[PDB]
Every structure is written in C-alpha cells, then in structure tokens.
Amino acid sequence: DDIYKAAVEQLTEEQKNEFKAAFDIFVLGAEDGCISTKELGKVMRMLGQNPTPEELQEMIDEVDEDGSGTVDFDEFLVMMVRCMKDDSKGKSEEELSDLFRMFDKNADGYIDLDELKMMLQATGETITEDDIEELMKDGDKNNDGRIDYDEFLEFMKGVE
Amino acid sequence: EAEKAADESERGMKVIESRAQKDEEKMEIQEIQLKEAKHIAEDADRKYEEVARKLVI
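The listed protein sequences derive, respectively, from chains H and L. All residue numbers for the first sequence refer to the deposited numbering, where the first residue is 2 and numbers rise by one. All residue numbers for the second sequence refer to the deposited numbering, where the first residue is 115 and numbers rise by one.
Bear in mind the hints are in silico, worked out from the structure with no lab data behind them. Treat the hints with care, since some could be wrong.
Unchecked claim - Here are the computed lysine-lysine pairs in the BS3-like style, where the Cα-Cα straight-line distance is at most 30 Å:
# : chain 1 : residue 1 : chain 2 : residue 2
1 : H       : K39       : L       : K136
2 : L       : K168      : H       : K90
3 : H       : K17       : H       : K43
4 : L       : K152      : H       : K86
5 : H       : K43       : L       : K168
What the hints assert, rightly or not - Below, a sample of chain L positions facing chain H; criterion: calculated Cβ distance under 10 Å:
#  : residue
6  : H153
7  : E156
8  : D159
9  : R160
10 : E163
11 : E164
12 : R167
To be verified - The calculated label-pair distances, taken between Cβ atoms and stated as ranges, are:
#  : chain 1 : residue 1 : chain 2 : residue 2 : range
13 : L       : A158      : H       : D25       : 23 to 29 Å
14 : L       : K168      : H       : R102      : 36 to 42 Å
15 : L       : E131      : H       : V9        : 29 to 35 Å
16 : H       : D131      : L       : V170      : 29 to 35 Å
17 : H       : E32       : L       : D121      : 51 to 57 Å
For each residue, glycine too, the CB sits at the ideal point set by N, CA and C.
Using the sequences plus the hints, can you model the full thing?
This is the structure we're talking about:
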C-alpha cells in the first residue's frame with residue numbers, strides 16, 4: 002500500500018549502502034536483475050540481516066513475476082526492504098492490554114471476532130477480499146468463536 | 115672477473131624472477147581455492163541451522 006511508497010520516499014541511507022552493495026554484487030555489468038534468489042539469500046546473510054529460511058523461500062517463490070527473470074529494482078527493492086526488519090516490537094503489551102480493555106464492551110474478559118468486525122465497520126472503511134475473511138480468521142486465530150486477550154495479542158503483535 | 119660476475123648475477127636474477135612467477139601462480143590458485151572454501155563453509159552453516167530447527171520441532 003501507500004506505506005511502501007512512503008518507505009521508498011524515506012530511503013534510509015545507512016541500509017541504502019548495503020542494498021546498493023547488493024546491487025553491485027548481483028549486477029556484474031548492465032544486468033537487468035535476473036534475480037538469483039541464491040545470491041539474494043547470500044546477500045541477506047552477508048549484509049548482517051537475519052532472514053528466516055522461510056523468508057528466503059518466499060523470496061524464491063515471489064520473484065520473476067515477469068517470467069524473464071528481469072525484475073524492476075523498484076518492486077525488488079520494496080520486497081527487500083520489507084523483508085528487512087523495520088519495526089519496533091509493535092507497540093507495548095501494556096498498551097495492548099489497555100486497548101483491549103477499551104475493546105471489551107462485552108465486558109466478558111475478551112472480545113468477539115464479530116465484535117471486531119462491527120468495530121472496524123464503525124470506522125467506515127472499505128472491506129474487501131484482502132479484508133473481511135482473514136481478519137476474523139486470525140483475530141480468533143485459535144477459533145474459539147471469540148477473540149481472547151492473548152488471541153488479540155497474537156493477531157497484531159509486532160505490528161505498528 | 116667483472117664480466118663473469120655479471121653473467122652469474124644475471125643468472126641468479128633470472129632464476130629468482132622465474133621462481134617468483136611460479137609462486138604468484140600458486141598464490142592465485144590458492145586464492146580461488148580459498149574463496150570456494152568460504153562458500154562451502156557458508157553452505158554447511160545454513161544446513162546446520164536448518165537441521166537444528168527441524169530437530170527442535
């Protein structure tokens with residue numbers, strides 16, 4: 002979304018040095034970015050970042066959307082920066098508890114994924130295929146018919 | 115005496131030239147070998163992390 006565009010605008014130069022080092026290491030001259038996911042993972046490990054093997058697998062399976070290997074440095078760079086950790090623990094657990102206290106209009110020690118749906122509906126925001134289903138699926142991730150407090154934590158932990 | 119000494123000195127100089135060239139060859143060969151070694155090391159490291167994860171699970 003627009004957050005990725007903003008992150009592109011706020012290009013952090015400290016990590017930009019390492020990302021352009023990756024640009025140089027990969028591109029051996031007029032290379033149109035064939036996307037060597039092996040080279041991608043080797044760069045990710047080399048540059049000090051800690052990519053999970055599943056993250057590198059996703060990188061392998063979410064590249065070469067052109068079909069010719071040549072992937073625009075824009076989308077590839079966005080994928081690289083987002084796969085890189087850019088977050089501060091996603092708020093505080095005390096904030097989470099206080100806000101869940103706010104959300105417990107049912108006053109039953111938790112909230113409901115239906116209650117969650119209605120509360121976000123009160124926001125007057127667009128709900129789509131990206132929205133709606135997985136929202137309630139992962140809010141009550143354990144699928145108790147209601148969103149427990151720890152379920153509310155696990156739904157959006159580490160996210161700002 | 116001086117001319118004979120000149121011939122022998124050039125002899126020794128040329129011998130050291132050739133030896134140094136051979137050594138440079140061996141140096142570059144060991145250099146590419148060392149790079150290959152580092153890559154093998156990193157591959158083994160990744161495999162190790164992976165198998166550790168599996169065993170924990």
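Keeping to a limit of 30 Å between CA atoms, is the pair of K17 (chain H) and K43 (chain H) held or broken?
Distance of about 17 Å is within 30 Å: holds.
Are the Cα positions of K43 (chain H) and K168 (chain L) separated by 30 Å at most?
21 Å, holds
Do the numbers back the hint for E163 (chain L), that is, is its least Cβ distance to chain H under 10 Å?
8 Å, holds
Cut-off 10 Å, beta-carbon criterion: hint that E164 (chain L) touches chain H
6 Å, holds
Does the closest beta carbon of chain H sit nearer than 10 Å to the beta carbon of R167 (chain L)?
8 Å, holds
Could you see if the CB distance from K168 (chain L) to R102 (chain H) stays within 36 to 42 Å?
Check passed, 41 Å falls within 36 to 42 Å.
Given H153 (chain L) as an interface hint, is its Cβ closer than 10 Å to any Cβ of chain H?
Constraint on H153 (chain L) satisfied, holds at 8 Å.
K152 (chain L) and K86 (chain H): Cα distance at most 30 Å?
Within the cut-off at roughly 27 Å; holds.
Honestly, do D131 (chain H) and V170 (chain L) meet the 29 to 35 Å range at C-beta?
34 Å, holds
Is the hint on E156 (chain L) kept, meaning its closest Cβ partner in chain H is under 10 Å away?
Result: holds, 7 Å to nearest chain H Cβ.
Cβ separation of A158 (chain L) and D25 (chain H), checked against the hinted range 23 to 29 Å
26 Å, holds
Evaluate the given range 51 to 57 Å for the C-beta pair formed by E32 (chain H) and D121 (chain L).
55 Å, holds
Comparing the model with each earlier hint shows violations of hints 1 and 15; every other hint is respected.
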